[PDB]
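First, one chain by itself in structure tokens, the form deposited in one PDB entry.
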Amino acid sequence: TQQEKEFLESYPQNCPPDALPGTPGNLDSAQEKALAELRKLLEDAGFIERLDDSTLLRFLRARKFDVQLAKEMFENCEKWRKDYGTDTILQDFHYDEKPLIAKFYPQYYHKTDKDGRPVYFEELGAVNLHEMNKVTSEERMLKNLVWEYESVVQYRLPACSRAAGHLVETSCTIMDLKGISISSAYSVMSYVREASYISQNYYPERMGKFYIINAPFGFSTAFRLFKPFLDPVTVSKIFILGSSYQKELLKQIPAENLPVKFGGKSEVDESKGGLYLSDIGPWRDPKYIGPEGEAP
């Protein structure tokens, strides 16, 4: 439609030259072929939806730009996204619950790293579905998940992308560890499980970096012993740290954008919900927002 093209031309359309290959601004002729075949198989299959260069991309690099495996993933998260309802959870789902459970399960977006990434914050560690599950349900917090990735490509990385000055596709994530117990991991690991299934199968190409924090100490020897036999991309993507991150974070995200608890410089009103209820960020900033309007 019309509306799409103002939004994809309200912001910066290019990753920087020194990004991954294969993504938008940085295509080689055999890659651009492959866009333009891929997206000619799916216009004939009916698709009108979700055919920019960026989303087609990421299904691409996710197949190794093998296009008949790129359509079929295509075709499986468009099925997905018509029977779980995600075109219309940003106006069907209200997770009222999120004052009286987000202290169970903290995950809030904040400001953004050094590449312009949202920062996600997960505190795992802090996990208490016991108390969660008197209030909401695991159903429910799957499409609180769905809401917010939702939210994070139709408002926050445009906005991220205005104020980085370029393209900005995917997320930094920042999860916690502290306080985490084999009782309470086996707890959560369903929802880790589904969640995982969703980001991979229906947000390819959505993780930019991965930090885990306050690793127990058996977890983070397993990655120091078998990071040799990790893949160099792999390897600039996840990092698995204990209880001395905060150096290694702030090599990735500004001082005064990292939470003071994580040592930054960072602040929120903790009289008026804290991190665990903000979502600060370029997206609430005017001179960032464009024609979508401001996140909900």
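Positions refer to the first chain, counted from 1. Take the two forms, find the largest set of C-alpha atoms that superpose within 1.5 Å, and that set is the rigid core. Compared with the form deposited in another entry:
Here the rigid core is superposed between the two forms, and of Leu69, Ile48, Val235, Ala255 the C-alpha of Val235 is the only one to shift by 2 Å or more. The two forms, fitted on the rigid core, differ between the two forms by 2 Å or more at the CA of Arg224.
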The other form holds:
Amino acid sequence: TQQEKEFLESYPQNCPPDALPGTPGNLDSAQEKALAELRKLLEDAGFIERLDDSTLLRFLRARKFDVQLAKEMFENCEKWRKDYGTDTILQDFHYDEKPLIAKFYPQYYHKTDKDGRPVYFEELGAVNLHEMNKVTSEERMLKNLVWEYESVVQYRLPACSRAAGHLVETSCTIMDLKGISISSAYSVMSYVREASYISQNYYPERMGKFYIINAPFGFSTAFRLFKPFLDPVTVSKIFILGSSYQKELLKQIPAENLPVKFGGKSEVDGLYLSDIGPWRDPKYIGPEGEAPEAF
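Instead of the form deposited in one PDB entry shown above, give the structure for the form deposited in another entry, please.
So it's only the chain below, everything else dropped.
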């Protein structure tokens, strides 16, 4: 508890006043009641860690401030952390195949958006699950997903909060669909389903913006039709862009931070194996120390 309090005291803990309702620093009276109620229930259930305001408010927002439902969601997450070995994944799991997977499925963080969010990139055009599964498995790619989430939560986001001057809880996602077929997209359905189960249930409220660029015609048409089924708050985070996406990305990410290939000015001597951002700058690294490197 003491080292956790020392960790949280070392970076800004209030969201900007523009932020969504139910976020740290932006609670109304019923939300502040539910937060104290959830904390009391989880302390009685024997939990010690991850009972800070920002964590509990993420589970609350994910369950619309239904305290019993947020309590169940938190407990399921803690049970999964125990069963999956999440608390030691950065020490146990070694993604030695990363340079090989990068040839088929680049996944990488690079710098920050104008709101201070770390920017996560994925490129889908070269995906070949059968070829990838000669050097990895779906189980190991999901292990890498959790490895990256733990690096995000424990190292990237605190440093990003220091660089921004306010709490940063979320990432800006850019997914490049250039070159993918509907058949290849179908082949990664299992991975998308399993990874999204982990995101939703164990990392709630960690997605800040979600850009899909180079969207094919059928895909963007389907999304625009299906959109009413989404939460309007969720809809406001998602941007489905075609071939001309550079001006829209540059509204959200400083040109200095956006990679050249996507319309920006940022260069890397390469990019697919890099992890460049404020969490690599000693000015913004706190008592947690520097993020580990997958490579």
